[PDB]
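S.K.: Spelled out from the first residue to the last, the chains are:
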Amino acid sequence: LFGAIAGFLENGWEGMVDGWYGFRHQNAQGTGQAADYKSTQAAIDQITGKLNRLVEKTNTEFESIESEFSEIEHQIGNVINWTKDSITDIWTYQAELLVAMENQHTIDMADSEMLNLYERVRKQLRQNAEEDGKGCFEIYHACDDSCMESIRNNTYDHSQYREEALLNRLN
Amino acid sequence: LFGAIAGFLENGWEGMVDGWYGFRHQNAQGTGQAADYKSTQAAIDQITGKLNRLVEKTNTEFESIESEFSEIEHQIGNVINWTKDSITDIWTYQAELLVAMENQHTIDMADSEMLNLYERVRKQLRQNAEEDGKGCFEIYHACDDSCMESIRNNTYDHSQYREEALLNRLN
Amino acid sequence: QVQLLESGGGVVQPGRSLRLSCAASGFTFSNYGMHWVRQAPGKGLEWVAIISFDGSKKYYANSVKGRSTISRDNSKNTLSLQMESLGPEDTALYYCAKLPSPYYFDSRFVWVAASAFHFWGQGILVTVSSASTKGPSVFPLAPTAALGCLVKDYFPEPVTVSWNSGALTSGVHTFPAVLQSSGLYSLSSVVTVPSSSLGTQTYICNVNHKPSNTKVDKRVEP
Amino acid sequence: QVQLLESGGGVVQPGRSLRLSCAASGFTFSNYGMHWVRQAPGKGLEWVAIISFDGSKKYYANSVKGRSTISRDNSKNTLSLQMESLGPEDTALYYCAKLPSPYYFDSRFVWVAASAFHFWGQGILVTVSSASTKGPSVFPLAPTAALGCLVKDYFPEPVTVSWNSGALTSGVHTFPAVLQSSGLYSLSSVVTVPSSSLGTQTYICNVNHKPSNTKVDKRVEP
Amino acid sequence: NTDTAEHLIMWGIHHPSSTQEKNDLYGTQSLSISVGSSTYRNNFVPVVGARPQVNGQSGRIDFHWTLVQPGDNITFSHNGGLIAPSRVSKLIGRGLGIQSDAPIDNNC
Amino acid sequence: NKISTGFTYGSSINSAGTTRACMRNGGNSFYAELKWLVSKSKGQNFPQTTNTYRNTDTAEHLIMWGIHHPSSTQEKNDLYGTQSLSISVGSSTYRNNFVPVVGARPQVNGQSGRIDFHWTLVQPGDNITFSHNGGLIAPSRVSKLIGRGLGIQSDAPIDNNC
Amino acid sequence: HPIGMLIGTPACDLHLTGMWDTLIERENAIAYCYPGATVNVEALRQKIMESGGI
Ligand SMILES: *[C@@H]1O[C@H](CO)[C@@H](O)[C@H](O)[C@H]1NC(C)=O
Ligand SMILES: *[C@@H]1O[C@H](CO)[C@@H](O)[C@H](O)[C@H]1NC(C)=O
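Chains as they are written, first to last, in the entry's author numbering: chain A, 2 to 172; chain B, 2 to 172; chain C, 1 to 52, 52A, 53 to 82, 82A to 82C, 83 to 100, 100A to 100M, 101 to 126, 135 to 213; chain D, 1 to 52, 52A, 53 to 82, 82A to 82C, 83 to 100, 100A to 100M, 101 to 126, 135 to 213; chain E, 170 to 263, 265 to 276, 276A, 277; chain F, 119 to 129, 129A, 130 to 158, 158A to 158B, 159 to 263, 265 to 276, 276A, 277; chain G, 65 to 118.
These are calculated hints, taken from the structure and not from any lab test.
Some hints here could point you the wrong way.
To be verified - Keeping only pairs whose Cα atoms sit at most 30 Å apart, straight-line, the calculated DSSO-like set for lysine-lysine is:
| hint | chain 1 | residue 1 | chain 2 | residue 2 |
| --- | --- | --- | --- | --- |
| 1 | A | 39 | D | 64 |
| 2 | G | 111 | B | 51 |
| 3 | A | 58 | B | 85 |
| 4 | A | 124 | B | 51 |
| 5 | B | 135 | A | 124 |
| 6 | G | 111 | A | 85 |
| 7 | F | 259 | B | 85 |
| 8 | B | 39 | C | 56 |
| 9 | D | 64 | A | 51 |
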């Protein structure tokens, strides 16, 4: 478990239907919302690949060994019942294990992709801002809507505001 | 595998019976020890939920297909022996797999919770201290026992010592 | 396994102090942190106090904070509670029990377990008033059909009722108590039977009242 | 399920505007982002336009950027495309279809699914030229052995050919069209049969040409 | 069978140990046993043979059994040597069969 | 392991029956662990015979025998006479009866008559009795299976170097 | 022995009829006072041990 979905992000954004991992900003212009394409597409592709590998099954042909309209010998019938009930229990246990493990892995994979996008945005905002902890980024100088898109487009340059941030933090 | 339990923390604290993840501090007052409630309770709850989902089993009723005090027909007896030994081998392999995977997951989950608590404490000590690497935090100004509890209570404010730390690091 | 002993019950007048003490066995008491809870008559649950396995912190409830005192001894495996200035808001059933609590209130030995040691045993039923511990008055309610026994005009009310020393339990109905204008309670208890054995069987009802040492037995007849 | 309707085909002269419109059913159209693609005659695929499920952004292709316009309406479940200045580089088959696209061009309801709703339906076959919509001329190619029908000198070429109202489909060969020095196309279609039924069966070939309302039927004989 | 559930009937086929015993028990006639129902038909013929003594006796008895469904009739046509069923059995309900040697503990 | 049964028969029984279907030493022979019991005179009835085998080993033994079925009435009358043939096998854990049946059958290995082989496991300390009237294939030696082995049914050759 | 309950052997006189949710068989279970055998004895034994009354 990573500290993103069940950790420092103590609240989800139900109003963010644009994607699974998006940005919400508040600048002098006002409040705005967008979504990151890369992480959302990665999660969607992984989940769809899981589902695709899951739903495919050739299911080798089987035939009837027990008669439905006549009586079977008692001993061989008991043997068949025992075998089929054992197979049922085995498949039930494997189904439980597969479902539980796959759900855990899907949730933790969404969490990992969230944290990876977080680290990407941090590597972009390397030396011009600070992270308050609750998923937000306390920008120390400013950021325009075009600056926000540059953060989305992964084109934000920190050497352009480095000296500005240093002078604002010192004075 | 995260770099906390098997990584940069090269030694465990056998004397720390207060919890799984606790704090040890040395200030001008002396040496003190405490424990974090959140991570320990999270780990305990996850392990107990694992055990609860593990120990429950309805175990559909089965009956005897082989006689114990009389001789069974040789061919059907061989078939029953083959089937039961195959079922035994299948359950043995599944038991091995389940045990190994669950132990690996439990150890790595404890490691992940340790690293998440580490990141929480770092987000608390954002700009007033540095991490030496060996799980310790080289506080650059000071921290009282009340400051230590505030770090435990997740109430430490860094804007109160930010300028102090900056002036101590510059001069 | 689940076997206990409780003491401290009775009739305490308002203003004095109550002292309750419960001791359990069948397990290692020196590790489980214990809790004292109270339930007012009728319904409603209100927690009273918690104690660590070693007695490090109490953290009393605000309703009785600074007024009660919980303590424990692991050598004799005992848990005691003492409270003063017993107003009418303290007449309730006090349960000592082991509940799912923070981990450090328990020991490191039972952390790695899904057992979830469960408890809550029995009650105490503390009552505060002008004591006037009265003895019960029993009357036989005599005539499918039914018959019963009515116990009235006594105090307090830790009363129990059985049919033929506690044998007949089918079709029986033990009704709750009713308080009246003389500070006294009443209680009816009936049992049904087909209408073919009026003068045939030996129907006997037994009533036990503890804080008067009263044992009454009565018979029903047409 | 997979049932559609398309409109806007015909013969449009160069310089005017083409308007195509496709409407599908059997599913919720208001969520799937749709695409318009074109394929020049022969081979070669070139994408034309994409549209969001609500029409937020178009992002036209540079080959037709600023010259075409794609639009959609979710109430009537329709997708339209309008283009002007139709040069010879626009004569192609235009397919409206649902392709695997970015997720926000689709809705949140079909993200969690491995269905991958597939489409591409039929074609349109837009052609631009000096219209001169001509009627087809049919000639019976008459003598194992074979026999066929040859359709020549008409325009445009959304032509179809069947044998006995579309019954005989074995051993048939429908050959591609051939354009000649008069702006007209030709097409042969043959069928094989053993050499024992010359004057025995009723061999009939049917030719349908849509942008002339032409239905021709011919018979083969020695 | 007049019950609403199936019944379980058992019978026996005797096999003497000597010709003298056969002639004394069933005479010198040709022995034949025939069992017939709507879902079962079989024939058994007693056979004389010398066999070692088990429980002091040499002759044997082969036991047969079958399930009679509700509303069915079963007929025995015998000439001598049939072990007739005085009472037939009916199995009721389900039960767990245990084959073990450990003693019973009625307190756990 | 093969253990002799020790069965003895009177001078009226020719226990050395042979046929051209089982060649062992260039002459007519029979199965090695069995013996064919016929009448010494070519037209007389086979005498009512009783034989008893008693297992004296600490392990179970495996006994096989055969029931003959002639191909014609003439062969039956020549081998066992015109009497009614009856064979009875009896032990403490096994009891059975066999009657030879005459029937016309196609030739296999040049012979039309058949032999049905039966087998059973005799437990230590048990006695098994054969009461026969003619047509019984007696076991000259019985078998004892020793130990466990892996049975393989294959066609690939053996490589004694891997 | 379970067969003695159906046939009525002396050693099963205590168990000719009854009701139960668990039937317990022993190793010394005697089924025949007069020597003999039973056809398809395993199926019948399974039917009896699976039953809960006779
Ligand atoms: C481990 O703890 C369990 C209870 O959680 C206890 O039953 C067991 O005896 C302990 N074993 C060791 C080796 O400490
Ligand atoms: C969930 O979405 C699927 C399609 O992805 C849809 O079929 C289903 O009805 C939806 N269920 C709910 C409860 O929204």
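S.K.: Next step is simple, just say for each hint if it's right about the structure.
M.R.: Outcome of the hint check:
With a CA separation close to 26 Å, the supplied pair residue 39 of chain A and residue 64 of chain D stays within the 30 Å bound. Note on residue 111 of chain G and residue 51 of chain B: the hinted pairing is violated, with a Cα-Cα distance of about 41 Å set against a maximum of 30 Å. Taken as a hint, the residue 58 of chain A and residue 85 of chain B pair is honoured in the structure, with Cα atoms around 27 Å apart against an allowance of 30 Å. For the hint linking residue 124 of chain A to residue 51 of chain B, the alpha-carbon distance of about 37 Å lies beyond 30 Å, and the restraint is violated.
Straight-line distance between C-alpha atoms of residue 135 of chain B and residue 124 of chain A comes to about 24 Å, which keeps the hinted pair within the 30 Å bound. Straight-line distance between C-alpha atoms of residue 111 of chain G and residue 85 of chain A comes to about 19 Å, which keeps the hinted pair within the 30 Å bound. As the CA atoms of residue 259 of chain F and residue 85 of chain B are separated by approximately 28 Å, the hinted pair is consistent with the 30 Å bound. Taking the CA atoms of residue 39 of chain B and residue 56 of chain C, the gap is about 19 Å. The hint holds against a cut of 30 Å.
For the proposed pair residue 64 of chain D and residue 51 of chain A, the alpha carbon gap of about 38 Å is over 30 Å, so the pair is violated.
Violated hints, in rising order: 2, 4, 9; the structure is consistent with all others.
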